[PDB]
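*Asks:* This is what each chain is made of:
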Amino acid sequence: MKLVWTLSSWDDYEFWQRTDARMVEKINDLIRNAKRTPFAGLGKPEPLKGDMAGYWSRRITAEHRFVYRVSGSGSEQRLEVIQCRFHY
Amino acid sequence: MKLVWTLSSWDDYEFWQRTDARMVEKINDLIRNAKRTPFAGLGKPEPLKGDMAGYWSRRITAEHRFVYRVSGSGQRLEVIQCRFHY
Numbered sequence: 001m002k003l004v005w006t007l008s009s010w011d012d013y014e015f016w017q018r019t020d021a022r023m024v025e026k027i028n029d030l031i032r033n034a035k036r037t038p039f040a041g042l043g044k045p046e047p048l049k050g051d052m053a054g055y056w057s058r059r060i061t062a063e064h065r066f067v068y069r070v071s072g073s074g075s076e077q078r079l080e081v082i083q084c085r086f087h088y
Numbered sequence: 001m002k003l004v005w006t007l008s009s010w011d012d013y014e015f016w017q018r019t020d021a022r023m024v025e026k027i028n029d030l031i032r033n034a035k036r037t038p039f040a041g042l043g044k045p046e047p048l049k050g051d052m053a054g055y056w057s058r059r060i061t062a063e064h065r066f067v068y069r070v071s072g073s074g075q076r077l078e079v080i081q082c083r084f085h086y
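Which chain is which? The protein sequence lines are A and B, in order. To convert, note that position 40 of the first sequence is 40 in the working numbering; the numbers rise steadily by one, no gaps. To convert, note that position 27 of the second sequence is 27 in the working numbering; the numbers rise steadily by one, no gaps.
Only chain A is shown next, with the shape it has when bound in the complex:
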């Protein structure tokens, strides 16, 4: 199970490292949980629609969302983090 960040999602994760470590911890918990149970668990996961269909979202806080997609089958999967800051 690989963890994949984009340029922008890693930048915002770094931003949290620089400004609020509590948010970093929440995001790490969301990651841990989504790798285990992609569609259930922490942060009230909900599927996005339209051009973001395959993507899912969980709450970090009311103002900040963790958007991701788990891809791959069986034993070689990946979680792609698309956003970890702001609304969708």
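Wrong hints could be hidden among the right ones.
To be verified - Simulated pairs of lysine-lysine, DSSO-like, Cα-Cα distance not exceeding 30 Å:
1) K44(B) to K35(A)
2) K35(A) to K35(B)
3) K35(B) to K49(B)
These are calculated hints, taken from the structure and not from any lab test.
Got chain A; can you put chain B on it based on the hints?
*Replies:* Just chain B now, kept in the frame of chain A:
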């Protein structure tokens, strides 16, 4: 450029987040530098061989190495390890 962790190297990174912020900073700097110059710069990047050909290592500290691969096209920096040595 996308940043890829394995289960093992993310566990390494989390371990540093839990235990030593200086290491997290040093790792973040190596990631940053390797995104702009994958085979040169901070930490004295050297290419590994044989068993681990295609991989590269940079020094985090005396006893900890940052080991990574670059794969891809139009790219990915894959962090394979960032705790311990050999």
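*Asks:* Hints first: check each against the structure and report whether it holds.
*Replies:* How the hints compare with the structure:
1. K44(B) to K35(A): violated, 34 Å
2. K35(A) to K35(B): Answer holds: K35(A) to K35(B) is near 25 Å, not above 30 Å.
3. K35(B) to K49(B): holds, 22 Å
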